[PDB]
Every structure is written in structure tokens, then in C-alpha cells.
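Quick heads-up: it's one chain on its own, the form solved without the partner chain, in C-alpha cells.
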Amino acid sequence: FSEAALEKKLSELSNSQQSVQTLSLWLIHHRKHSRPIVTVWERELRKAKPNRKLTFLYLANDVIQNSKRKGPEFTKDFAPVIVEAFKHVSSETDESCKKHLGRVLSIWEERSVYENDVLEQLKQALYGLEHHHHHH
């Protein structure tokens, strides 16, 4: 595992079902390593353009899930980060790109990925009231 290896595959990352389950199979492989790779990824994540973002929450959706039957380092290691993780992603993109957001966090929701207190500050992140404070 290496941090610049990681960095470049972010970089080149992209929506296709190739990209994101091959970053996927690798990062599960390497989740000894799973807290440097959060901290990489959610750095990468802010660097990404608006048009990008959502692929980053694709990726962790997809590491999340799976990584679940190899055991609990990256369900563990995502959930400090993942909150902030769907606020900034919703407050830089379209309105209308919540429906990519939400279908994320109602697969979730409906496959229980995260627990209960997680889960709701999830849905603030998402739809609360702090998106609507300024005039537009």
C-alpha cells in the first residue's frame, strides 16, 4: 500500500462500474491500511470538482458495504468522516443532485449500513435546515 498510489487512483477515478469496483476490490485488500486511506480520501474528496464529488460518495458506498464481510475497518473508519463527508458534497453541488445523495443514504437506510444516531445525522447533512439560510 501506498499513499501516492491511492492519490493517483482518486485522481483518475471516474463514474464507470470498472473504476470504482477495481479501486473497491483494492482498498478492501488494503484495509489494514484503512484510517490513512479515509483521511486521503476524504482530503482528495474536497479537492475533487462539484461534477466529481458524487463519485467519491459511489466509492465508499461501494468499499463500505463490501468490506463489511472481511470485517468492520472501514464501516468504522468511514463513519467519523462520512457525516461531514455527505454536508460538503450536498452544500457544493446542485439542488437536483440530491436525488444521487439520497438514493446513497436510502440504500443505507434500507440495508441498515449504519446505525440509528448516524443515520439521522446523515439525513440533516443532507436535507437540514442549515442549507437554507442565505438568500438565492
Given for the second form:
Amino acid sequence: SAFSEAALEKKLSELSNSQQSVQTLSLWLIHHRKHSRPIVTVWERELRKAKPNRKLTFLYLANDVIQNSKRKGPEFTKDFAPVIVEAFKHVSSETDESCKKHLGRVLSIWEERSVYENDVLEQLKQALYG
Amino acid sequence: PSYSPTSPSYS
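So the form solved without the partner chain is up there; where is the form deposited with the partner chain bound?
The next block holds the full complex; its first chain is the one shown before.
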């Protein structure tokens, strides 16, 4: 599929918590990394629109794209950087303890794999636990 | 089969 914002919007409405669903969308986003900025914009908008019980899966997709992008270049890391902290704060406010434990694990993975520098990791931790 | 956030190839 060629890239369009509307096609991405439709894929995000269909995203589920399965390994195949997150991975398949992520691979498309990495293929279309030239468009990482509008990807992040659409991603954020649809995260905020999504029902509480689907919000963690948005952050899982962000995890997959950012991590799988590292071998390609800094662009996805940089373009998620300005919204990722408020994304964590949002999901944290919108979900329960159980979901927060899942979010915390993503953060621990990010710390151990140096997905972001400590400045951003410290902001993510404050967003979850402050 | 549910998503695993450790699944991406790294670190």
C-alpha cells in the first residue's frame, strides 16, 4: 500500500493487541519512514480518540516502530520524541493499575535497551509514577 | 498470540 493519512487512520482503527497486528502495521510504518512526521501526528490523534482499553496497544505500536527503526536511522525516535511523554501521561490517566504495570514494563525495556536518552526516560517515569 | 514488547530485535 502506498502511504496516505487516511489509510493509516483506518489501520489504527483495526489495530489489536496480537503480535501479528502490531508487527504488520509497524513494518508498513518503517517501509514508509519518509513520512514519520505525519505518521506520528495521525498516531497521536487516534490514540486520544481511542477507547481506554485500546490505548495500551497504541503505545505497543510506538514501541515496535521506534525499536525496529533504530537499524534504519534516528528519524522515528526524533519524531516520536516531542509527543511520547504526553502520550504516556494520557494513557496513564485513562487506564487502570494493570495497564500501568504494562506501561511500566515498556519503560523498563526502553531503559535497558537505551531507546531514549535518560532525559526522556526520566520524564516518562515522572509521567507514570509522579 | 499477544504482542510482546521485548519482541523487537535489539538493545
